[PDB]
Amino acid sequence: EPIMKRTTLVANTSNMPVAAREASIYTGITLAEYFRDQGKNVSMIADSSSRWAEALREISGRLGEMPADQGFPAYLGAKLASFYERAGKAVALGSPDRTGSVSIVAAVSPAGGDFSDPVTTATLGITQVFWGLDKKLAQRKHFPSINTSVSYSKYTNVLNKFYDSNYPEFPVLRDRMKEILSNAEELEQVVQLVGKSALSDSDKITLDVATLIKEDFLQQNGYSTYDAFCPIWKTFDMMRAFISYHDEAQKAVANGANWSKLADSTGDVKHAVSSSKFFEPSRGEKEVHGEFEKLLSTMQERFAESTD
Amino acid sequence: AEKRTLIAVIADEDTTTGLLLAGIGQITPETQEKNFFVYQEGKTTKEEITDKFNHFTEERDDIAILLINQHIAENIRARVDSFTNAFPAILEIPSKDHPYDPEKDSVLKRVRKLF
Amino acid sequence: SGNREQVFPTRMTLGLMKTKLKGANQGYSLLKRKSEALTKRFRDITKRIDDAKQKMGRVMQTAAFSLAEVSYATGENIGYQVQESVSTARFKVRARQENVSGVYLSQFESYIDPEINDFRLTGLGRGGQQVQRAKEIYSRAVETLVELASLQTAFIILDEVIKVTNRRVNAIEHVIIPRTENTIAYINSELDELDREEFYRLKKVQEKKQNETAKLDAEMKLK
Amino acid sequence: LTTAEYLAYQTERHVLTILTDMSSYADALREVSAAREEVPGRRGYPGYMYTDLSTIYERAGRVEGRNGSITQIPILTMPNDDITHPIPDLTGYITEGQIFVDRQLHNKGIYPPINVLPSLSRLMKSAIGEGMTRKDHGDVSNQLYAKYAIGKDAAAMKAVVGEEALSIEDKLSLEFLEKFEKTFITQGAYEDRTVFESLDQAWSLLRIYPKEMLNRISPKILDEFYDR
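Protein chains in written order, with my numbering: chain E, 110 to 417; chain B, 394 to 508; chain H, 47 to 269; chain P, 139 to 366.
Possibly wrong hints are sitting among the right ones.
To be verified - Within a straight-line C-alpha distance of at most 27 Å, the following computed DSSO-like cross-link-like pairs (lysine-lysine) qualify:
(1) P:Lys263 - E:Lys305
(2) P:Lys320 - E:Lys313
(3) H:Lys101 - B:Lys502
(4) H:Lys66 - E:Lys244
(5) E:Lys305 - E:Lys244
(6) H:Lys209 - H:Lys78
(7) H:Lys66 - E:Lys287
(8) E:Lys313 - H:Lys101
(9) P:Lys309 - H:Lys86
(10) E:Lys305 - H:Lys209
(11) E:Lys263 - P:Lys320
(12) B:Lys506 - H:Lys68
(13) P:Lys309 - E:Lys323
(14) H:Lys101 - E:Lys323
(15) E:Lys244 - E:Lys263
(16) H:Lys93 - H:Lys78
(17) P:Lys309 - E:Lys305
(18) H:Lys78 - E:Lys313
(19) P:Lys290 - E:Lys360
(20) H:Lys101 - B:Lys396
(21) H:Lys101 - B:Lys497
(22) B:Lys502 - H:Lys209
(23) H:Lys78 - H:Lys66
(24) H:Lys64 - E:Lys245
(25) P:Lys290 - H:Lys64
(26) H:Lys66 - E:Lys250
(27) H:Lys86 - P:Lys320
(28) E:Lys244 - H:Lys209
(29) P:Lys309 - E:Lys313
(30) E:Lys323 - H:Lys68
(31) B:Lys502 - H:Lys99
(32) H:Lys68 - E:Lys244
(33) E:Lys323 - E:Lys403
(34) B:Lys439 - H:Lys99
(35) H:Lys68 - P:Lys290
(36) H:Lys255 - B:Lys502
(37) E:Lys287 - P:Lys290
(38) H:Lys68 - E:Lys245
Source of the hints: derived by calculation from the structure; they are not laboratory data.
Turn these sequences into a full structure, and let the hints guide you.
Below is the structure:
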């Protein structure tokens with residue numbers, strides 16, 4: 110079935126009047142609220158709340174109001190708050206009892222490529238989830254190019270209840286990956302001045318595992334059939350596989366094994382972990398999970414063999 | 394580079410004999426050469442000594458160290474630059490017929506000057 | 047005034063240059079204490095060279111005495127009989143690489159040949175003892191040569207590291223800091239000042255307009 | 139703060155005041171200022187909020203005639219993570235010290251991600267003593283700070299000179315930093331540690347070091363606590 114039966118669009122080009130630009134967000138969120146009141150989980154996608162903020166700035170300019178910062182109106186944060194907090198899960202008014210929600214998924218166009226612009230600064234004080242941009246990943250064409258260091262989600266704690274029911278180790282593996290990425294990020298910023306000569310074998314494993322993560326788990330094509338939509342079970346299994354790679358590599362190197370020899374002898378399981386992303390999600394959760402379990406068992410066997 | 398035994402081109406005849414007794418020389422059937430030059434101190438020309446030192450230190454590709462035991466000025470002058478790229482061509486100043494005083498040792502002089 | 051990056055003064059560039067300055071400062075300190083470790087090892091190796099010079103001289107003269115004693119045992123000098131045994135080498139410097147203070151120093155390791163030792167198989171029985179003394183002397187001299195090679199490599203590495211640290215202290219940081227100072231203190235302050243002047247002129251126009259309106263209203267109330 | 143003043147200075151309670159999101163209050167203050175056609179000051183924030191933040195903050199402290207007291211813990215989000223921003227700068231002017239929450243610690247999974255190297259309590263020395271917690275509080279805190287800084291420096295050199303090229307204090311410092319950050323700083327969101335439990339956990343962390351270079355602990359306290 111077409112998505113259009115689920116979707117209504119609020120088209121507002123840039124050449125339309127500024128007041129229509131300002132009212133676009135409000136009419137869209139009111140439609141989202143109306144469909145939330147029917148007990149339907151409805152998602153609102155705002156193309157650029159930065160353009161909405163610029164519309165507010167232009168209107169305040171025509172009104173001769175005193176701006177706050179970089180020309181933006183003083184009530185910019187108040188307006189973004191009054192828009193964003195129209196989102197949460199709710200018990201719809203009236204009877205019968207029902208529950209709906211409005212997931213506000215609002216994009217922001219940065220100014221000068223930094224978070225110094227007032228729109229993002231006001232947004233960060235409201236949004237629980239902020240998927241920041243990384244021009245180092247964007248310029249190197251590593252999509253979806255989300256800045257892991259500065260992006261955050263305050264819904265990690267709330268989602269522990271969902272994870273415990275479905276994927277018990279998901280928060281643990283997510284924290285493990287974040288720790289690995291941060292440690293390797295500081296290791297890279299040291300290396301770029303010093304070099305990779307003096308690092309311990311464990312540091313080399315951290316760097317290689319984080320590079321593998323960035324290239325084969327975080328990076329997503331989006332235009333490929335195998336990876337257009339990575340289901341949550343596939344994502345969880347991939348986190349399991351990557352964390353298992355890191356854990357077995359660290360355990361083996363702790364037992365004296367040279368990292369170069371281990372890497373050359375386990376390039377096969379490294380390629381298996383890398384190509385785990387190529388599994389078609391359409392094959393079903395059962396088949397994909399079974400094949401991920403096969404991959405994990407193969408990795409454990411291979412590392413047990415090569416550690417001796 | 395490949396391992397090699399120390400050459401005694403700029404060492405004394407007695408030092409060369411001692412190195413040969415220890416086994417610090419290997420033959421080169423490709424050109425009928427040897428890993429250690431003849432220590433003809435007082436008989437070979439200074440230019441010949443410099444040429445042999447250059448061949449051992451530049452022409453040779455093995456990792457042979459060198460002996461400059463009480464070397465004549467033909468090697469003392471060259472030692473000011475021959476120390477660069479100490480691999481595969483290492484340098485040293487063993488004892489010889491003349492006493493191995495550290496005054497003429499280029500490596501010791503550089504070490505002291507760096508202090 | 048001073049070295050400058052000649053960069054586009056904006057808040058994004060200000061933050062970029064602050065991060066660059068912090069990174070360069072921490073890199074300067076990082077390489078400074080790396081160079082401290084390297085120069086500590088360098089002084090150690092210089093001491094080893096200094097004393098090992100006389101140690102190796104003593105060992106060389108011991109080996110020469112032992113060889114000449116073997117010659118006394120075997121009548122005439124070992125001479126050409128010894129010289130003709132240059133077919134194979136009983137001692138060699140095996141290749142090695144020891145990461146001394148984070149630098150891959152190429153310290154050669156002495157390794158006598160375990161396959162053949164026939165170069166001393168001639169004449170009198172003291173040839174074996176002379177060969178053993180000369181082999182010990184060769185091992186000592188090979189240790190001295192490995193220490194000298196380590197000293198040379200460490201000198202090169204320490205010179206490069208100290209040059210980089212001095213460059214960071216004197217040019218890189220001392221130009222990034224004036225660039226950041228320019229950016230913020232000059233240009234961001236001037237932009238804020240121009241915004242202040244424009245908004246104050248706006249307020250003056252608005253207040254004079256509203257004051258004229260209030261005066262007109264008071265006048266028509268009076269009339 | 140009016141409620142805290144009432145309680146502490148009339149009911150004679152000890153009142154702790156947590157003012158979370160001081161930056162949001164500053165944004166609201168800027169909005170109110172620009173509503174009165176005032177021209178914005180530095181970074182769009184009006185130039186007079188040092189006075190208003192001072193009025194908020196100074197409504198604290200203990201007083202002569204009342205047994206009550208007010209302790210304030212403002213919580214402000216640094217925009218773009220800088221101290222030079224007007225809000226953290228003015229708060230540093232008016233308040234004694236600051237606690238730092240570090241993004242780097244947060245990404246590593248450490249909770250609370252409190253970075254203790256920059257965080258400082260200016261008048262901490264008045265809260266610690268013999269009749270005030272335990273006699274070893276000050277020097278244990280000092281030793282923890284020193285060994286943590288040494289551990290961070292040694293972690294910097296771990297990737298530059300190598301693990302084996304470090305000094306014995308640095309080898310101890312890497313593992314001290316590990317145990318510190320992921321056992322002592324890392325405290326559960328519902329784990330309530332009394333000051334004495336935290337102090338003896340700090341001692342258990344400090345028991346790995348030798349006598350000679352626990353030099354920032356007084357030898358009396360060190361010889362009474364470290365050796366058993």
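### Query
Straight-line Cα separation of H:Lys66 and E:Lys244 no greater than 27 Å?
holds, 16 Å
### Message
Hinted pair, alpha-carbon criterion (27 Å max): E:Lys244, E:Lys263. Please report holds or violated.
### Response
holds, 23 Å
### Restraint status (C-alpha distance of B:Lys439 to H:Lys99 at most 27 Å)
Given that 27 Å is the threshold and the Cα spacing comes to 26 Å, the pair holds.
### Query
Do the alpha carbons of H:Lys101 and E:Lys323 lie within 27 Å of each other, as the hint requires?
violated, 56 Å
### Message
With the threshold set at 27 Å, check whether the alpha-carbon distance from H:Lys78 to E:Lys313 stays at or below it.
### Response
holds, 23 Å
### Query
Holds or violated: are the alpha carbons of H:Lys209 and H:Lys78 at most 27 Å from each other?
holds, 10 Å
### Query
Taken at face value, is the distance from the CA of H:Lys86 to the CA of P:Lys309 at most 27 Å?
Holds, because 18 Å separates the two Cα atoms, which is no more than 27 Å.
### Message
Hinted pair, alpha-carbon criterion (27 Å max): H:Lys101, B:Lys502. Please report holds or violated.
### Response
Holds: H:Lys101 and B:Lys502 sit about 17 Å apart, inside 27 Å.
### Query
Does E:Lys245 lie within 27 Å of H:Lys64 when you go C-alpha to C-alpha?
holds, 18 Å
### Message
Between the alpha carbons of H:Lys93 and H:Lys78, is the straight-line distance 27 Å or under?
### Response
Given pair H:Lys93, H:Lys78 holds - Cα atoms ~22 Å apart, limit 27 Å.
### Message
Hint check: H:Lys68 vs P:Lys290, CA-CA at most 27 Å. Holds or violated?
### Response
holds, 16 Å
### Message
Does B:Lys497 sit within 27 Å of H:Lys101, going by the straight-line distance between their CA atoms?
### Response
holds, 17 Å
Figure legend: structure checked against the earlier numbered hints; hints not met, in rising order: 1, 8, 12, 13, 14, 27, 28, 36.
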